[PDB]
Amino acid sequence: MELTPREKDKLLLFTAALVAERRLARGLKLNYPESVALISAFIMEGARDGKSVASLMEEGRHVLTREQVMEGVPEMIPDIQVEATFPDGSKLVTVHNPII
Amino acid sequence: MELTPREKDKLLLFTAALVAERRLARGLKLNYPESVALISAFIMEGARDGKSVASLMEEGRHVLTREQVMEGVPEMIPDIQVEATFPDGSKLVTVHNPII
Amino acid sequence: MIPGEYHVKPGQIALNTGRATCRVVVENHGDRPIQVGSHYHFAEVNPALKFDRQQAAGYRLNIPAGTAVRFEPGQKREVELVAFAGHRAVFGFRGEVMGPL
Amino acid sequence: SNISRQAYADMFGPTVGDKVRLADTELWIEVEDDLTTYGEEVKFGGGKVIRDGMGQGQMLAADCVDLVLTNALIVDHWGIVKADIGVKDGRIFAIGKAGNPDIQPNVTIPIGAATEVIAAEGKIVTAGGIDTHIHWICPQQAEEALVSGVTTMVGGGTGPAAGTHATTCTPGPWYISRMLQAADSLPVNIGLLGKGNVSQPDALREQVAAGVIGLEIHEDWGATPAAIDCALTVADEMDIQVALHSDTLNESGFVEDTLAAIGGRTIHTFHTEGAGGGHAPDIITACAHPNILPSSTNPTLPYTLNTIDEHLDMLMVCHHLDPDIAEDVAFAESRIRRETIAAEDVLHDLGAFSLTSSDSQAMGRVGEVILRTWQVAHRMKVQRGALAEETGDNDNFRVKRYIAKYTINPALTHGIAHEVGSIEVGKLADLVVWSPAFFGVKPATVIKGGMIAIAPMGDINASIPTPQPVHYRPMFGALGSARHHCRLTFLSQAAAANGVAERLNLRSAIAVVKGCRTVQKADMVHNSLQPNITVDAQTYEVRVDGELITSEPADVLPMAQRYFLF
Amino acid sequence: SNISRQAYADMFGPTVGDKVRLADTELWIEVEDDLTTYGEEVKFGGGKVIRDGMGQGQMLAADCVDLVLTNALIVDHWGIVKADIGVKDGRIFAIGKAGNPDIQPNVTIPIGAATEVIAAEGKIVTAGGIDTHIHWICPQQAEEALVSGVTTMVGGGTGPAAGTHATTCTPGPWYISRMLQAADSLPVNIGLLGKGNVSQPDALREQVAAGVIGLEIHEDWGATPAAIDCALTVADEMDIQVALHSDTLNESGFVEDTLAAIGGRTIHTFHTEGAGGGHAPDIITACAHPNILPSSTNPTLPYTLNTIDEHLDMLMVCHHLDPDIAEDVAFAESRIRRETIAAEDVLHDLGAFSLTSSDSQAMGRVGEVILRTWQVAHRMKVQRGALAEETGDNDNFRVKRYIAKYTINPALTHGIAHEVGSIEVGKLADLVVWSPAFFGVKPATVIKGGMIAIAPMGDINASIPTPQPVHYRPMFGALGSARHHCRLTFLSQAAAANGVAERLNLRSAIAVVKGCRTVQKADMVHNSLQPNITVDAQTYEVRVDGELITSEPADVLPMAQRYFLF
Amino acid sequence: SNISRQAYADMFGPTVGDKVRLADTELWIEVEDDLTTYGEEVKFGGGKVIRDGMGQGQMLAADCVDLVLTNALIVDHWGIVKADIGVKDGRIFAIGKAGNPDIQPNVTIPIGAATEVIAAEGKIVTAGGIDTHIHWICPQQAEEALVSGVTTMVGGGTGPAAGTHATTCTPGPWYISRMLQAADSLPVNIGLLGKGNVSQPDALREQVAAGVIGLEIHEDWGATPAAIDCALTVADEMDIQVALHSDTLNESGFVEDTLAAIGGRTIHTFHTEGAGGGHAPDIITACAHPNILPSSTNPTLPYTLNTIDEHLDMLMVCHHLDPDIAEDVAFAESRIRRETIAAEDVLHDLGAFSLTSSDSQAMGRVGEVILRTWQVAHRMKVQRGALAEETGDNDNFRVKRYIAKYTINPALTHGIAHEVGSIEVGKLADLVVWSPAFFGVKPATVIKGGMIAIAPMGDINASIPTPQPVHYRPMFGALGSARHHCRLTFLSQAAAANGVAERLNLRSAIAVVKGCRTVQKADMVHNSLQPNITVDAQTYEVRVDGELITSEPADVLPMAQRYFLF
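Residue numbers (PDB author numbering), protein chains in the order written: chain A, 1 to 100; chain A', 1 to 100; chain B, 1 to 101; chain C, 2 to 567; chain C', 2 to 567; chain C'', 2 to 567. A prime marks a further copy of an entry chain.
One or more of the hints may lead you astray.
[Stated by the list, open to error] Listed below are the simulated DSSO-like cross-link pairs for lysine-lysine, each with C-alpha atoms no more than 30 Å apart in a straight line: (1) C:382 with C:20; (2) C':401 with C':382; (3) A:29 with C':428; (4) C':428 with C':20; (5) C:401 with B:9; (6) A':8 with A:51; (7) A:29 with C':20; (8) C':515 with C':401; (9) A:51 with A':29; (10) C'':428 with C'':401; (11) C:401 with C:428; (12) C'':401 with C'':382; (13) A:51 with C:382; (14) C'':428 with C'':515; (15) A:51 with A:29; (16) C':44 with C':20; (17) C'':20 with C'':382; (18) A':29 with C:20; (19) B:9 with C:382; (20) A':29 with C:382; (21) C':44 with C':382; (22) B:9 with C:20; (23) C'':515 with C'':20; (24) A':8 with A':51; (25) C'':382 with A':51; (26) C':44 with C':428; (27) C':20 with C':515; (28) A':8 with A:8; (29) B:76 with B:50; (30) C:382 with C:515; (31) A:8 with A:29; (32) C':382 with C':515; (33) C:382 with C:401.
Quick caveat, the hints were computed from the structure, so don't treat them as lab data.
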């Protein structure tokens, strides 16, 4: 595989997201780290799929709603950023006010 | 649990495989690291099940086909090797030309 | 498209050109197999291999570097040798020369 | 006897005339020369050539090399040849034919009992990369960079502080001393840059005397003509380099005023295209001057479909700008221009831009300098075809032109070329072994000072080092005292004389910079073009000799999704 | 010109009169003062104030600070004010107005070319915490503690051995020497405690001469009146501190006998509430004496619904007790009393208990000292309202009272207040930057000795340091020699005189303890109450002046599930 | 008073006559002796024995031990007894009865204020393992090995280079110096082997003078009679050991010729069975000679159902052989013989093979030396029953015979037995604490030089060290300077005299090897059998005195799937 440090670091993000994904499934209101991990993981898979940065900057705001997260959480996340390998190399996706 | 370094290292392989497994499910053509992780994880579970080294050296060549992976990927993997605890201790499984 | 693929031009490579060679018939009189390397001083191989050791003095196998010739018990075969170069000083092996020649 | 070419390549790697594809790109190299004597190649393994009295001699340690890289395919600015590489005393001893002079002909690299062996047959060997635009935002960058193939890092910073987030300045004597001490812990060669934004010379001299090998003039600290002139005056007297990030705001003047302040004195212009900073919108015109050594930062290399979309927000965070403050966002579309981004790629292919760097974590990606340089080369071959300098049916010249951008040129620019930058005898043995299929993406072996510092490693408890999971892990060359002995801390001639190394009790080997003032555009290997370039103030179009310079955005690139897990 | 208050706060942070909520608690602070001159605030970034000739001067390094924390909201025992913080030589230089005296008014903290910048606008800055009850069960505790905001750790141990599992004693000269050497590798200030349980003075003197800054009397090693008197005699002559864990079993006598043995001599009583150890069931009555400096361990802070259920088994494992041995379990309900646990919270709010600590991995959580202290403050405001000392409509006084518990007071108690404990000029620059929304939970920046030692860091290969995944990673201040230069190893005056540092070849900066014998309850900042407290032998009820002291168990707490992944 | 045996075992561990099962194997040990005085056992914890004036004395540090392991069940080549272990100055002080001479009878190990305590009641304590066949392919091997219970590692290499992949040779002065420096960073005792494949003595002498404690003759570098004789001549004059990997190819002669070249001189034969290398197919006959010290590598231990299937490809990768080259694969079935693999297990049970090793990452598993040795013992008891030397209804003798294989014997073979290898007074305190249920699989505590270097550790932030997740983490004994003080770098007498340690500026404690030439088969503890063994050239059958030696392949083994997550 020859995993570089950055690839191993993203495995931490992926795994953190597996935790959030399962809790949301049980019908829990996600907390701060769970929300960030869940939305971040979403974007990475979007890039793997070949979606453009522009599309993800939009879609990332429709992963979780204000009623699916704990109080105060939406305001604790003015934005979310994550990079991934798109078909045209690594790119940065910035999602402003992801939770509404 | 008393996890040793080797057990914790294999958790990285397992997790890398969870990523590939999900992408394959979406119908994506797997890349180099995804392919290696997926086939490797398969073999480890085979050992946990009690399958013999000889059986796995064969079965490991039928996990992914040339049409399920990106171009060039089959040639980037002349073989795959991974060790696991079989009922008779740790053993090495070498799968030659796993993707055909 | 194959990542890192070679595009080797067709043809052949002539090895150890311009050097003295000689053919020798060798027979394994031992009960166990014997494998000889490309750069090993032939005149000092396993004593179980019977051949004209005198002729093979200062020679090695005329085969591509890194390869070998195997002799199963009782096997007999003719091999081609090529003379050592450089200082033509043999050191080591069975310690029969340990010097120039 | 005789052996077919194919079988020969499978055993010892390609030879004269054979071509090799670089990773999954369209770039092909052709072996220009082979220094071996057919039939006399050295190989290691059970029953192979390198054995006592055969391929190994009887000489003492002083008469043989410490390490030999057998059957290597060297790719350097000077040639693409096949040869054995000899390493002695942590430095490159020779490039030739290895073996035992006792029985083999033409041996120039003697192998004895004191010789270790690295099998490079079928691999490409290159010099370690040199990134001259590092922001020391975190120590983890060194490993990331080392894994990618970069063995020397030049820049500055004190950690995750605002100043370092935006600039590469290691502010003052105290922080400089602190970072020099911290450098002994990193497995890469290091040289620091101080804050050159001051109009009082003594404030700069102290920093140089403290240990920095250069000064950065950054607009965030005020890139005024007064500061620029001050930094260049001190640089001229202390033989250190100046790196510039000009006045994007045109607050003190336009590009022509900055150029006027420079006054034909040597200077390295950072991210000359402008996206990363510089007079809007024509800082790119700097590459036309003889005293300017221009480089690019990697996020704009090469021009792709998502380049623009990504930059808008990246800029803000880096330079501490406020998206609500009109004036802070107004200079976004002024700094991010599709026009210059597209042109930059071509200017690189033409040799107008001589260096590539990262600009680590401040509008740049530390582990992608080599990767992106090759992606540019690929996209340029695809769009423009063979270079006017190409000979034969290969991309050999284009490969030499581009490899020089992150190797020898960065070294010449910062006065360290006497120590690193290329595979030449006498230089430190910072080498990288690549498998052709992973060239520029994931290294097989990274050698620092003659010791492997990092490499992919499988199951530690396995019966062999190949079983999964295989990922990059630190090796002996990156351990304590062995590390100190295999890395270099570059100091300014003044710092070296002042005894800074002894006072701070530095443990690593020391190297001194020199020749920073004398280098000029014409010295940049394969990248000395001084084009008559202009930029339209309104349309931002870039023109050379009146002709329009531009390129198309890539939708898919090589060395991307086929290699990375994320 | 003019700017609205809201826009002003968004740019430079809150000013006089503005209130800020602490994390997700009910505690609100109000800016008491602002040291700036409106319109003259320094800000860093592209086109901002801190630039040559503007907010940055022409002075030499000796005439300006090395680091400046701009627009910080300081929260310390002495005040809650807005100011710039200047750091020079690894120590706090000044708290005032930063800038360039050449063009700005009232500059007390000069910024020059040698000055690094940390943007603190909108952040809360505090002194690093000090935990005086560490069991060195594992080296990993230092990082965990540093990440939470604690920069100094006092305790003892040799690793995961039975003795250290239960006590904080570093037994004898050999282990003391070994741990002092091992301390150079840790990114926190450290001071060791030796085993004070002996009735032969010379056995204690050796340990103090070996390097310990205190001695712990623990019942597991026999907390007899003879041992107590012995330790206090040596402490009195060597100016070191004594930490007590009294005789829970009442084997040698009751609490009044232990107090009698102490004989009005200065002593720090560990986990004074008793759950963690001490005369059953009235060790809590110790807080009424002038010579007693009482602290709490964190598992009982604050009283919640699950507190009791959890303790029963935690106690056993820590002290190597046997659940099958009747006598070993009999003293469970004797050591775990709902009555004292509830009272402890109130006694803290009243200033009867002066310190909070962890008791790391031995009935305590190393990364939760700060977090739990604030949870107590929250629960007390909720249940008891404003303190009699409050002024205005804020919790400013309660905030100063509680922050002192894990900062200045622990420092006064162990004779290290001259070096750390608060944001005061001359003290080591151990600071923690907090975002108001994560105050007391997850720090934005942790500074040690003037260098960032740890902070949250995103994708190392990203174009900026903000992309996910963001988690805590070691910085330059925690690297090799830079670390040594930014941390302190506290020695006893005797050890310092004996040349212990030179003999063990310690690499870090050395500090000496002093004033351990002269401190008394009245010296504890904002926590000097000596209540007339009694405990009912039968019912365990705690009473002060006859009135019943108690509180209700919390079902949900702030700084909990909203911030943690697990 | 009186206490039942069962209750007694539950409190202080088993006593004389009680038996204990080793992990999940069929091996049972029986306590042969108990050095305690019933009713006077020392125990630590709240209200226990080790307290001032009781089980703890008033003596000064010089008159008591630094560490005491209470109620330990010692399993060593000399006995299986119950006792307290005293550790002083990093070395084993005594094996006896610990306590306070003031009030207790028969105290030989005094406990005072300077004494730390490790509770070993119910645990098995053994000496740290010694692996004499390490390939330094990566630094991560040290941790893996330490976690398994091996505290000393002998071998060579420079990292992931071809030479080290196949051999354990640290080629020449430069690499030797580099590895000696890098060794200070590893938490295990280390000694290096140089490349002994040369026919010029001075080339070997330089290496020995450089610091190696042995020389390896490997067929990959040419194991010719000339080289063998040369290495043995130098070994004889410099008192260092020679490790052999003979000529599998029979290129220079057969096994009898190699034996002839050895000329009755002391030599350690690596993987004597042959699978890992050696004259095909009879290298195993070497174990019949008095001057031969034979060892096994672990992949062939013990003979199981998957042993053969796995070896075919493992061999290729290790020795850089080509599966397409007929001659390279031809010697596969010649090196991998079911016949010798099955016999090796029996020869171990008989004491014909005296050592077990790994052959780390080159046809061996670094973390499985101890684990596999016990699996062999289990399989041999199952197949052959009690040994002729057994007494009583236990496997005590078989346990002593097998533990000696990876402890005292490897130490005698390499001239380091004066420092490590067994639990004897005066030797370095390298001990491993095991819970009977995890014996040989996962250690409870690993002690190096008197300090815990690694142990399982739970949640760092937990209230106790037991909560999940529990996994192995580095402790204080593995930290910076404490590490240096607790580990040994073994040098050759020549290197020590030359001042190599001072020149390379080695920080760890130095030990010198001696007695490598004088050891012979008869000195191997419990493994001195010199059998009249023969191997059939055609059928490969192994015979001793004409009788056929063989065993059956195991389908399931203990210490496997019940303990490992993967």
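- [ ] Kindly indicate which numbered hints from before are broken by the structure, ordering the numbers from low to high.
- [x] 3, 6, 21, 23, 27, 30, 32
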